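**Student:** Please arrange chains B, C, D, E, F, G, H, I and J with the ligands on chain A, whose structure you already have, making use of the hints.
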Amino acid sequence: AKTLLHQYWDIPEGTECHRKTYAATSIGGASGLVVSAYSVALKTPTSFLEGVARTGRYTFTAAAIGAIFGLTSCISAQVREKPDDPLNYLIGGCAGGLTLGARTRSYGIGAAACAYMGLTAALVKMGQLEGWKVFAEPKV
Amino acid sequence: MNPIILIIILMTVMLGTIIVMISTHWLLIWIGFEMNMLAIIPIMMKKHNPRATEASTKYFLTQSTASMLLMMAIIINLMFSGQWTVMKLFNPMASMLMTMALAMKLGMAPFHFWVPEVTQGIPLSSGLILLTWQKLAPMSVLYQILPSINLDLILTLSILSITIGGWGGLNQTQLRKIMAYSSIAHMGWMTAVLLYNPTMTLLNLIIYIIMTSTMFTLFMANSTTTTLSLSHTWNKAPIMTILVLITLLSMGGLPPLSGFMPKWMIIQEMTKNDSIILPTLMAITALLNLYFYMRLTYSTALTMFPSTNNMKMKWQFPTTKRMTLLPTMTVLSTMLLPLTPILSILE
Amino acid sequence: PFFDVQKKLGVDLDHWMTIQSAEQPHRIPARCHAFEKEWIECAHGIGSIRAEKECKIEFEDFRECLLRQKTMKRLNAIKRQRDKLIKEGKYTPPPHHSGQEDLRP
Amino acid sequence: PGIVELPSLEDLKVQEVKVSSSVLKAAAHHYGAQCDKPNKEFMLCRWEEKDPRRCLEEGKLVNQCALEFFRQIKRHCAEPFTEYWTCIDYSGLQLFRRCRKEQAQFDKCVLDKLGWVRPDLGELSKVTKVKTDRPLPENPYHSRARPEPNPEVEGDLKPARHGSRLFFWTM
Amino acid sequence: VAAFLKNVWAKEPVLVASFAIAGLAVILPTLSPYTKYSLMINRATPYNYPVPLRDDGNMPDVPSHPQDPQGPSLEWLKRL
Amino acid sequence: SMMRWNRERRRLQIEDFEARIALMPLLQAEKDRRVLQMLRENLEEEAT
Amino acid sequence: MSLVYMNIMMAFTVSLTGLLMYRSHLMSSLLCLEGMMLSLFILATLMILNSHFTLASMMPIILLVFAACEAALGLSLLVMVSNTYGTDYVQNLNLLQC
Amino acid sequence: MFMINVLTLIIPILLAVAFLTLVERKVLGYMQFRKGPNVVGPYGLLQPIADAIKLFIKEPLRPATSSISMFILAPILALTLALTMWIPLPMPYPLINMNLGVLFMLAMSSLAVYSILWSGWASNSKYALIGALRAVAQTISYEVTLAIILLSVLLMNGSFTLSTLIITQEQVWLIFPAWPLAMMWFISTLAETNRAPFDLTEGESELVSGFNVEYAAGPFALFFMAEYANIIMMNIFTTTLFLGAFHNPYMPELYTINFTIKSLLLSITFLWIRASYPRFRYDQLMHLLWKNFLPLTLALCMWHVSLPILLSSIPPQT
Amino acid sequence: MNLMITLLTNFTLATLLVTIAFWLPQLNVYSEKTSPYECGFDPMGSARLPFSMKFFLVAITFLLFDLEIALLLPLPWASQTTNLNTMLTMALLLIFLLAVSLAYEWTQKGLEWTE
Amino acid sequence: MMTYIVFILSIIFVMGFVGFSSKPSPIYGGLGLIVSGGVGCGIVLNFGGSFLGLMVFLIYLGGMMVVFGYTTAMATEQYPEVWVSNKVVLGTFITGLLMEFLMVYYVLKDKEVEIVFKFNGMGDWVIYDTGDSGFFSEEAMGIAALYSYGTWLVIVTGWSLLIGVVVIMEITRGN
Ligand SMILES: CCCCCCCCCCCCCCCCCC(=O)OC[C@H](COP(=O)([O-])OCC[N+](C)(C)C)OC(=O)CCCCCCCCCCCCCCCCC
Ligand SMILES: CCCCCCCCCCCCCCCCCC(=O)OC[C@H](COP(=O)(O)OCCN)OC(=O)CCCCCCCCCCCCCCCCC
Ligand SMILES: CCCCCCCCCCCCCCCCCC(=O)OC[C@H](COP(=O)(O)OCCN)OC(=O)CCCCCCCCCCCCCCCCC
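First to last, the sequence lines map onto chains A, B, C, D, E, F, G, H, I and J. Count along the first sequence from 1, add 215, and you get the number used in my numbering. Count along the second sequence from 1, add 5, and you get the number used in my numbering. Count along the third sequence from 1, add 263, and you get the number used in my numbering. Reminder that position 132 of the fourth sequence reads as 114 in my numbering, one-by-one numbering, no gaps. Count along the fifth sequence from 1, add 117, and you get the number used in my numbering. Count along the sixth sequence from 1, add 2, and you get the number used in my numbering. Count along the seventh sequence from 1, add 1352, and you get the number used in my numbering. Count along the eighth sequence from 1, add 199, and you get the number used in my numbering. Count along the ninth sequence from 1, add 12, and you get the number used in my numbering. Count along the tenth sequence from 1, add 10, and you get the number used in my numbering.
FYI, nobody ran anything at the bench for these hints, they're computed from the structure. Note that CB positions come from ideal geometry on N, CA and C, so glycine has one too. Among the clues, some could well be false.
Stated by the list, open to error - If the Cβ cut is set under 7 Å, some of the chain J residues that face chain H in the computed set are:
no.	residue
1	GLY58
2	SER60
3	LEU64
4	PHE67
5	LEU68
6	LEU71
What the hints assert, rightly or not - Per label pair, the in silico range of CB-to-CB distance:
no.	chain 1	residue 1	chain 2	residue 2	range
7	H	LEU206	C	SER361	28 to 36 Å
8	J	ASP120	H	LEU206	43 to 51 Å
9	I	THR27	D	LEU(-12)	52 to 60 Å
10	A	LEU219	G	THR1369	21 to 29 Å
11	G	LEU1372	D	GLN76	55 to 63 Å
12	D	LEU(-12)	C	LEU348	21 to 29 Å
13	E	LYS128	H	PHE232	35 to 43 Å
14	G	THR1369	J	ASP120	23 to 31 Å
15	B	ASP157	C	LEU348	27 to 35 Å
The shape of chain A in the complex, shown without the other chains:
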């Protein structure tokens, strides 16, 4: 789950939408698999078919989130010609939130997910620009 992020981040932004779309869809698929596995372990499905249907629905939802997020961000950075900008990732996060609202079939979840995932995606671009560390190695 480390080499997937390094596969995503090495491409320059706003250059090739297809490779970034595939990489972000891979991130979404991995997130969906781990979430669905925890879901079927902790909450037992009714039968086999229900379990595989729930797992597939979860990974398709998260794969859609990643795919359209990466496509929207790369398209925006291509059109604007400003690749090192958090605005592209803000539009990508809102497009992903709209996708989550369409997957859940509700507008309130869509609007809330647009706002919050846009804020988090913009903050992620800011951290990538300025080298913010979350799991920072000890210094002193």
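**Tutor:** Quick look at chains B, C, D, E, F, G, H, I and J with the ligands alone, frame taken from chain A:
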């Protein structure tokens, strides 16, 4: 229970803890862990109800599996090292297995499931002994092997347990489940700082032990185990309501009370190394912990819930309980903040 | 809390077991006693950071004495090349590796 | 790393003491008593430098001495020695206590012919001193240079500068 | 205490015999003088090889031959 | 009777160990030479 | 390392996946626990005997002693569980869910 | 020529098992005022042959409600465990010289119980399960005292090797300094072999036929010769432990004939014990080895630990 | 090597007699011959019912005492030491602790069977 | 093939482990753990420690017989799934056996596998030693030295066992 047998079992529990604490051998560490677990099993079976059997079985299975992982990590270190000394591990596989074993022993998420159930199913005194004494030997062993723990794994465990404990503490009306989720959050707080400065972890351990001991002694003295049973204390002894009010205010990290000192020093230590997002997230989940503390103190102190008729019969009798060290521990749990540089003695 | 009681009191409880080069019943030596002695004496009193930086050669040589990764690796290379040479037909084993050579003692 | 060193096969060739283990066990005490000096020189060197490649000429010398002792035995008392080692060799565990008669016969013949006295109980396990001419090996373990130790804390303990120096605390 | 001993020997003599045997086994090595001979016999059993020391020149106590007079002898093991 | 026979057996055991100790240097020399010869034979065939 | 180590740790991993996935029988999980301790014993004594750590030969006896002590504790807890409910099924221990 | 040695070990022991069934039936006749089998042949020498041929031409009778795998596996395990029991026994040279033979007998004694347990469990019967649990209780009664008796006896031998037990008592018999240990050892092997008065498994009165109440002929004969080989070798084990004979390395037949006579007299005493006493309960046996044998054995183990230190009589371990 | 040959010889001697005891004689197998034997009458329930055991405490302490005697078996080799007094003291103390455990069970009616 | 004796014994070891870790029925789980203990005793006996193998075999046989008594008392049902009687048990047994034989074929072809550590392909006769042990056995002398060196180990083990007896007697009390 025979008091001689109970005294012998308690001294054996303490003996296992010091055998872990003073040994220079991994096998002796493991022996101390085994003897501690097998001596604290019957303390949890003091009242002999089915819930005690359930709690003892779940605790036994969790500690057994954690001990197996501990022994596997020890044996892999023996393979790749040829020695036995309690220091850093010479293999990342052994370090990861040892970290998960000590996380399972500490009740850290996502190995946190047994803690509220085990805490609920046993009496209040056994829960106090569990949540205070049993959470020292894994912390000691984690203090010994801090050169070898993977930072990402331990930080993931710490923030995961903080978030999960703070979220799970919002849906409980029993006091023991509330205390278990609070314990999970506090172990996340301590181990988030262990790789940066372990003196902060020792200070947090001491303050958390004092605070939760004061609260468990208060609950034992009032003989209340649910919030609706706690709400009768204003008709029984209002001073105990004042005491639980100030201790719940301190437990949420509200200054100028002594419970804010650990979180303040954790934030102080973790920003010397340019980690700013993480202490902010831990602060917000500490706010969630303060929320369910505020709900409890609204129930017991700041309002007068309706009482019953037999409370008059309880008024006519003065208490004869053995509230050992309750005022000293309450004072230490409330007003230890102007003596903050005392923490240097743990260096 | 490594409350070290053993050095404070002067007794030993598990110090005689913790290393491979300690005192043994009638002085039975281990397989890698000398390598453990060299690694221990290399990294005494300098701390763990300087131990992993300034005794890497001694420690990795001791670790190769323990598990023997590279020894069986070289033996695997020799065995595989000899088998391929035998199968292909460019090599014949000598008589002293066949079963009799009027052994030395 | 380094190419490992090994003496050639011409350096390892020697005449062998080709006898069974019963021949060695029967005349063990006489061999230990008579040939103590090259055996103990070889043992001292082999325990001192911890290397069989540097301990070859002394093994050669100990083989010549053992062969000379057995060739001396063969010249005088071949038949009592033959009967003695046969009576030793019949036993499954090679017991000493089943052939005390051949012990007395061999001891009497050797003592009257050559004048060798068997060691007493506990004598061959004694620890001796060996005078030899080889220099003492300075580095038998081939240890590298030891790392520099940490500097030692020294000096009088002054009081802390301006107290705690922790946030706003003046002491 | 004699009446109690008579009663316990009348009721369960096996426990009395076991307690007497265990007490005998506990208190006899303290008072017996033959244990040091067992210690010396165990010490004087040559499992290892007696490696010799380098003759620097000042060591007259250690012998130069197994038949030299100086050194630890085992006459007492023969006599006992 | 068992004490007498056990002490005699210990004397016999010490005598056997003394015989083995007297035999040790010759066996050690042959073992060193055999090990070095076998290593040289393995090395000389390793080049081929 | 050697392939016997592969098989011993592979047996340990089999019994670990056996213990962590229950089959509605507590005693079978106890058997898997004893299998894991047996695997630890075998692995420890293999390396100890190979590396000639002679003083450590007393260790696996102590490890197996504590294994049997915790097994006896598990059996006693199982007697209590089977004396409360009809059987020893692990799904009956669900009172602490509310 | 090892297979010839193995065959010449394993054939005479089962021949002697058949003739022990003959001798046991004759002695159990002659003590109870009557005769044994004396009609089939000259003084009944052909009765074991007739019994053996009869049992192998009768119906096999595998039950429908029984798990067939363990049902067939248990008698094979019983016979194989009784047959590999005899291997390190020195008469005066064992088939396989072993450094630790005593622990091998102890481990195989632990393993041989499982044939009884699985034959009881596999045959879907209540009487078979009763016999199986009685065997379980009997084993947890006797095993600790058996192992600690043998431990406290071997402390004067110096090692677990059975051949050293010949040398360690070549002066005097080992039954003299451990006569109480000899009596409790004899009782413990009476309980081990499921013989009277500690039968408690194949009880023909409390049950009908015990764990083999469903086993028809052929498979039942495997348990019969397994048990009789067990009693013969256990008497042989006692004879080696406490009644060692004079051994000449040039003439081993003297030790063989002395040892054979002593073990035959021990088996005669075994059948003598069989035809004299009522059978115990299966809880009275548990209160026998624990309340009466175990404390005295712990005391005797203290005594036999301190005594070689006391008299400087520590035996050699070589 | 000889031990595996001996074990295999014993095993194929044992499995030869069973295999000739199943195929040789004439068989007459019906749906009455293989019924469970309950002294002539039909059984009242299955034979796989829980057969309750009263000696559970004695079995648990059999495990503990088996491990106590497992610790005690190195004594013949441990008597060949030099630190003889410490070995004697630890052997005596271990056996005394075993006897203390047995006596505590005896005084607390643990060896007495339930019901 | 005979040089791979410990390999064959370890394959029977893993076969028994996956036989009883499927948890079919505790009777058959007991049979599987008996098999695994016996062949593990065999493995450690070819590595030289005969005493340790005999002790682990004896201890596990006693424990397995007592727990057999327990499951005949406590863990039993009307129709025990001995083997093949349940779908998931047979499936996981076949899965474990297939995985084990797969990695055996893999290590007997490439002569090197990488599961998280790295394991070599030859037999384990190579890692032996060419020297002699003299007139003693190392494992027996170590567990003999348990009494003369490990007094602290003796103290903690005896105390743990005594309080274990106390613990199990005060657990099964009922009130
Ligand atoms: C192989 C060689 C020969 C072996 C000897 C045996 C051959 C003859 C066998 C006879 C028939 C046996 C049939 C089975 C009997 C089973 C019952 C049985 O035996 O139960 C055991 C019986 C049990 O007795 P019990 O059943 O009456 O128990 C009564 C229990 N209460 C009171 C609670 C009701 O005896 C024992 O347990 C004693 C064991 C042997 C003790 C040996 C002591 C030796 C002397 C010590 C010293 C004495 C002097 C004083 C102290 C001095 C100190 C310095
Ligand atoms: C210091 C010596 C070494 C000590 C450590 C080693 C001990 C080795 C032996 C271990 C014995 C373990 C079992 C002991 C159990 C004692 C308690 C007990 O069960 O007593 C019961 C018995 C009366 O029988 P009852 O009440 O009917 O029992 C129920 C059914 N039988 O009660 C009795 O019969 C009375 C029991 C107590 C009194 C015994 C007195 C023996 C005196 C012997 C002579 C003096 C020996 C010197 C040492 C002093 C000993 C007190
Ligand atoms: C499905 C049900 C089961 C069906 C199959 C049943 C198979 C037969 C079961 C009975 C036999 C089990 C044997 C278990 C191991 C016994 C080990 C043993 O007997 O060791 C004795 C001996 C010890 O040697 P030592 O004292 O050190 O002296 C040699 C020094 N010169 O050792 C020696 O002398 C060494 C001889 C060679 C040893 C080779 C290694 C052991 C071989 C084990 C094979 C597999 C056994 C499987 C047992 C399964 C039991 C359920």
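**Student:** Which earlier hints can't be squared with this structure?
**Tutor:** Numbers 1 and 15 - these are the hints that the structure violates, sorted from lowest upward.
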